[PDB]
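Novice: Got chain G; can you put chain B on it based on the hints?
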Amino acid sequence: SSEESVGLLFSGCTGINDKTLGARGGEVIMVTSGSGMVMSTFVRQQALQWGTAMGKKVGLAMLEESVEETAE
Amino acid sequence: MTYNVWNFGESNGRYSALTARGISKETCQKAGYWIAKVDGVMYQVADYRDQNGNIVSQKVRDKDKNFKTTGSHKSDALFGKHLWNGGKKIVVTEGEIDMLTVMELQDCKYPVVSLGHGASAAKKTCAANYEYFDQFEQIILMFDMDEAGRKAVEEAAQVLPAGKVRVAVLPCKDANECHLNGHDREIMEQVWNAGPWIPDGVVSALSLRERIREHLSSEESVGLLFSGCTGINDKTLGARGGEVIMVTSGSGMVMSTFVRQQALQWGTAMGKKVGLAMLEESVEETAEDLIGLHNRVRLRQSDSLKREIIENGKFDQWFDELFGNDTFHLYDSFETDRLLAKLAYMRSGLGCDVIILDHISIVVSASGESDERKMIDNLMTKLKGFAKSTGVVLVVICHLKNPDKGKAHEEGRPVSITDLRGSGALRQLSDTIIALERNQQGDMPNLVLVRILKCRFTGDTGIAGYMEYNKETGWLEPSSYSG
Numbered sequence: 280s281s282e283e284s285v286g287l288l289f290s291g292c293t294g295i296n297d298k299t300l301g302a303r304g305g306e307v308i309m310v311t312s313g314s315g316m317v318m319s320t321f322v323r324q325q326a327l328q329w330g331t332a333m334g335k336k337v338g339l340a341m342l343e344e345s346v347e348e349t350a351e
Numbered sequence: 064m065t066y067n068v069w070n071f072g073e074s075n076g077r078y079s080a081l082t083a084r085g086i087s088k089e090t091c092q093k094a095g096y097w098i099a100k101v102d103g104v105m106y107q108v109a110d111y112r113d114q115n116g117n118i119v120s121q122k123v124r125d126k127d128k129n130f131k132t133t134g135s136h137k138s139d140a141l142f143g144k145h146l147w148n149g150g151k152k153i154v155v156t157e158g159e160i161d162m163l164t165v166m167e168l169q170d171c172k173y174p175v176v177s178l179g180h181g182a183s184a185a186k187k188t189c190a191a192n193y194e195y196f197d198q199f200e201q202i203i204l205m206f207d208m209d210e211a212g213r214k215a216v217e218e219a220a221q222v223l224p225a226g227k228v229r230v231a232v233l234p235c236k237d238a239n240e241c242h243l244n245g246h247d248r249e250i251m252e253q254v255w256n257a258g259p260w261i262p263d264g265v266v267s268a269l270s271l272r273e274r275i276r277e278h279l280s281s282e283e284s285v286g287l288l289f290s291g292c293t294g295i296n297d298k299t300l301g302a303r304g305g306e307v308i309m310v311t312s313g314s315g316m317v318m319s320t321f322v323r324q325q326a327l328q329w330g331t332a333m334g335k336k337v338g339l340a341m342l343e344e345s346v347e348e349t350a351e352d353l354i355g356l357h358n359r360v361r362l363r364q365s366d367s368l369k370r371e372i373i374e375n376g377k378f379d380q381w382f383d384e385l386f387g388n389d390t391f392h393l394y395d396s397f401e402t403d404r405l406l407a408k409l410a411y412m413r414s415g416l417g418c419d420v421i422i423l424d425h426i427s428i429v430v431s432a433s434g435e436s437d438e439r440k441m442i443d444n445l446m447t448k449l450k451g452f453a454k455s456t457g458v459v460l461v462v463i464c465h466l467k468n469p470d471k472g473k474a475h476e477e478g479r480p481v482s483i484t485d486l487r488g489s490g491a492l493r494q495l496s497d498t499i500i501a502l503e504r505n506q507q508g509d510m511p512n513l514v515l516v517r518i519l520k521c522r523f524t525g526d527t528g529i530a531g532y533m534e535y536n537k538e539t540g541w542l543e544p545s546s547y548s549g
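Residue numbers (PDB author numbering), protein chains in the order written: chain G, 280 to 351; chain B, 64 to 397, 401 to 549.
Treat the hints as calculated values from the structure; they're not laboratory data.
Subject to a maximum C-alpha distance of 27 Å in a straight line, what follows is the list of computed DSS-like cross-link-like pairs (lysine-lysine):
hint	chain 1	residue 1	chain 2	residue 2
1	G	336	B	227
2	B	236	B	131
3	B	335	B	377
4	B	227	G	335
5	B	151	B	172
6	B	187	B	137
Not close to chain G: a few residues of chain B, all C-beta gaps over 12 Å, as computed:
hint	residue
7	68
8	129
9	145
10	208
11	402
12	407
13	440
14	475
15	490
16	543
All residues carry an ideal CB built from backbone N, CA and C; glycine is no exception.
One chain only, chain G, in its complex shape:
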């Protein structure tokens, strides 16, 4: 009952979802890839839809850039 199946659906590629069934809480999802800013977008995108479409509160530690920048 407690723990859960379809936790938080990755956005922008059903597939990610199909295969992973989402980002269940207490998990640790790890996004990786080459030079990928592609990577930094993908994550950003997720942060975006989770904190708006979904109710969820997102917390960001974008260590690379400033807080103002990421907000823009």
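Specialist: Chain B in isolation, oriented as in the chain G frame:
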């Protein structure tokens, strides 16, 4: 073996009231603050027991302000700990006496423990006890009201559980200084419902509106265009403030020109105030190199012309011309922390918007420490911090280690980020990496290539154009070139 735990009675023990501190006799009795007297002198003994009840260690005092610690004072010692296993709220004080205090004012009905090695070992003693403290709903850190005491609070909460920590804020040094005629009611107002703070770096988005607005106007998409090779610009979109541009390459004096050239155009064409730390050369030298460069003449490299313009007034003229807009400013030399500080005041005080730091390879002063490998990195970060933290554009020149593989640097050999110096900090912390290659023994010994080795803001990277050295004027002129 270790100092025996002091037996009550063996040493002439009494549970007496501390009249000096406004701690009642009945109070000392509950926490285990007893008054012995061995071999003549009368000592104050604090009884540290584990959650199980057994006395594991003692902290003993004599009048003059000395100590003597009995038993085995483990890294997780909390004085009073054995009294409470659970609760809605537990005050945690710096020392034993202050624990006795809160234990009064409350008629010993709620929980207070004191740090085992208090003062400095705030971090260790605390994290040693995560579980114990999590037994309570909220943890009230009532530490000293001074320099190191606020610090203690900080290091403490860091290692303490979740959203439970709240900071006590008293009118005097400690909770006892208050009691000792002053404001008991001040201590009270904190034990109940005091300050809960710990986000010194967490920052809700809502609360950035202003900081964002003012950013958006201030710092520019096309922040500062590199000069002498559209390309550098096309790919990197410029040197946006708060970035850290890193210019690198082989033997490149080509490199030290390229940087110089940029310094030039930003400090004259553009309004921007450049600050320079040219660590290699003197402050007078770099100034000449500027003047000369600005006047398309190889100034220092020519006895005749030097004399000429000193006499024909052209010097004072050229000098005013280039400099007299308080726009260039130089760090002039003869540590890491020490340099960083100077560069900061250029940013903060004279408020230049670019600082060019020629040649990271020179760390310098604090000698007893190993690999430049490691240290290069340590500086790297302070710098990136400086940068982002203050929005200054920080160009940082950096020189290349040398292959071991076949073709050298003057043989043109291209460079990659692997090809990189350091041990990762630049390879990381830098926002745009511009590399310049030059095969000084070949077809165009004056032709120089520009790779963008990296560029966060755009990630459009690669070969980005060519320039040609004019041995004659001193400039990296832009050049026609491709496949």
